[PDB]
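Have a look below at one chain only, the form deposited without this ligand, in structure tokens format.
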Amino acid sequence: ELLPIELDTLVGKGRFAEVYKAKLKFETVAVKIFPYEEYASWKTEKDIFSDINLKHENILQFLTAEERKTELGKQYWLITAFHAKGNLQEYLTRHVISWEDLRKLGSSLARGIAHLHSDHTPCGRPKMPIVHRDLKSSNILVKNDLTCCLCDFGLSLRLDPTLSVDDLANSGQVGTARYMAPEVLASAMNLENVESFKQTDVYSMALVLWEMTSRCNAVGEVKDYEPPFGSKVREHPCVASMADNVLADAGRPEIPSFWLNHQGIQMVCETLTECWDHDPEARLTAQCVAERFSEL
């Protein structure tokens, strides 16, 4: 019943699990291992990866889930495709990307998020939208063809109409503080789980598009990679320090005027700027962004 897997190298370590590059006796696969204590996170990701309506080229390919008894107890595994180029944060740290790379990475990221957010399958059938809630460059994988691929669904929320308004309150602010929308940092959301939770994902996507743009040679002179707000906040910033920047100071990652000399870069910058607007209603949808990138 269990797959013939040999773990090779630890390639990732998140809040809930360890990710290993492994040999499947495909040959190279990724194995995400959750201890028994993190069963809930394993189940949450398993439910997304197993959903036939969530199979998409810009969502990490799933092979199978397994329960593996160990001496110390039991581990819960998620076996997926392995992307050798690694996560987007690591990729952008090492590489200066081309305009073509930026277009492919940006468009594929917007397509993946638009698919999660969609209330219908491509064939028109209704489907319950998913909000990622932890969109960031370390949660995006770079495929060999230089397109994006979403992963790390441990904090994702299925926009189920049965969701309690009071239960969503604490819960509290979920995700990574650095990428939290101003309305999340402000504790200013309503139990309108629909367009409102989708808008928080679009804000985080804007910061990621900024990261991709900041490492694109089409801007002219490219600086060393820095995460969003890297020059203003500490390595693991708290919600309070982020609120002081994003909300109180209306701070956003810098877009030097010289970036706008390239027509394509100018279009990407105008788009991501609309997506990180203070007002969630002024933001474009992920589908709008996917359309703007196809126009490029």
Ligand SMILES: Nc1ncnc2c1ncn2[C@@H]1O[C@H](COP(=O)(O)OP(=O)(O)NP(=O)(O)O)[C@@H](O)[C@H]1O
The other form holds:
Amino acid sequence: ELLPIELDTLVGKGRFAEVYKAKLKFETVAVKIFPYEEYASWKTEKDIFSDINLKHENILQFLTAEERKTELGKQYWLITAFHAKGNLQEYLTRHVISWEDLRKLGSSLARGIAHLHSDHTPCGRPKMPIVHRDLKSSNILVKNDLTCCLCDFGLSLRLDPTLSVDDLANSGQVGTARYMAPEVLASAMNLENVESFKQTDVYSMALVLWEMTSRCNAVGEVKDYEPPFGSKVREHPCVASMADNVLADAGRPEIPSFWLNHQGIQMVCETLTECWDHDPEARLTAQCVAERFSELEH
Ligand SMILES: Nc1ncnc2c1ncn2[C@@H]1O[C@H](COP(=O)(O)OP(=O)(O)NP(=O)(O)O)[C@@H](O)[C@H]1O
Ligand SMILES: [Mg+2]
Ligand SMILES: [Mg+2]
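Hand over the structure of the form deposited with this ligand bound; the form deposited without this ligand is what we had up.
Time for the whole complex; same chain goes first.
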């Protein structure tokens, strides 16, 4: 029943798993390996990937989930399509992108998030909305055609009506501190409305769009890649230092006025600025962003 897989190289290592480029006797595949201790993370992702309504070009393509015995115990594997260009953060660190690349990455990112958020399939049927909860450039893969696809669903939440407010309350602050929405950092979320979790994803998406813009040659002069708040906080920032910047100081990544000379960049910057608003209700939806990116004909 186990697939003929040979592990080749370690390509990624997060808080829950190790990812390997491997061969399936498509030949090249990615293998996300979790130890037994991280079973809950593997099962959360496997449940998200197993849903028939998740399938989308801007969502990582899932092949299968397996259980594999080892000498020191057992491992839990998720086998997906391999994207040679790797995660978006590593891609933006090496490359300066063109305006065409920014339009492609930006719209494919918005389309993937809008699909996760949607309470219905493209064919009109009801579907469970999913909030990623850990949107960041390292959880986005760059496809060969220079479009995006979302990966890493280990912290994701299926917006089930049976969810208890007390069961959501702790949990607690989930995600990566650097990309947490101000209301997440303030512990000020209304643990009732379904849109409130979708709004936190939109703020994180806005930081990602800023990262893409910061490396686009259409701005003119391009600086070395830096993650959001790179010059304000340490490498692995705590929630308190992030609250001090994003909330107390109302801080956001810098948009120099010279970027706004290009009409496309100006529209992108106006869009993401609305998406990172302090007030979650003032933010655009991922569907609005995808629509604004489709309007970028001229
Ligand atoms: N299909 C894939 N193709 C290529 N690289 C991949 C693939 N899936 C994941 N990676 C890489 O492996 C890294 C870790 O994978 P990920 O699915 O984010 O694991 P994680 O432990 O849950 N990370 P995190 O929760 O963000 O700390 C990613 O950041 C990518 O660099
Ligand atoms: Mg990750
Ligand atoms: Mg993860």
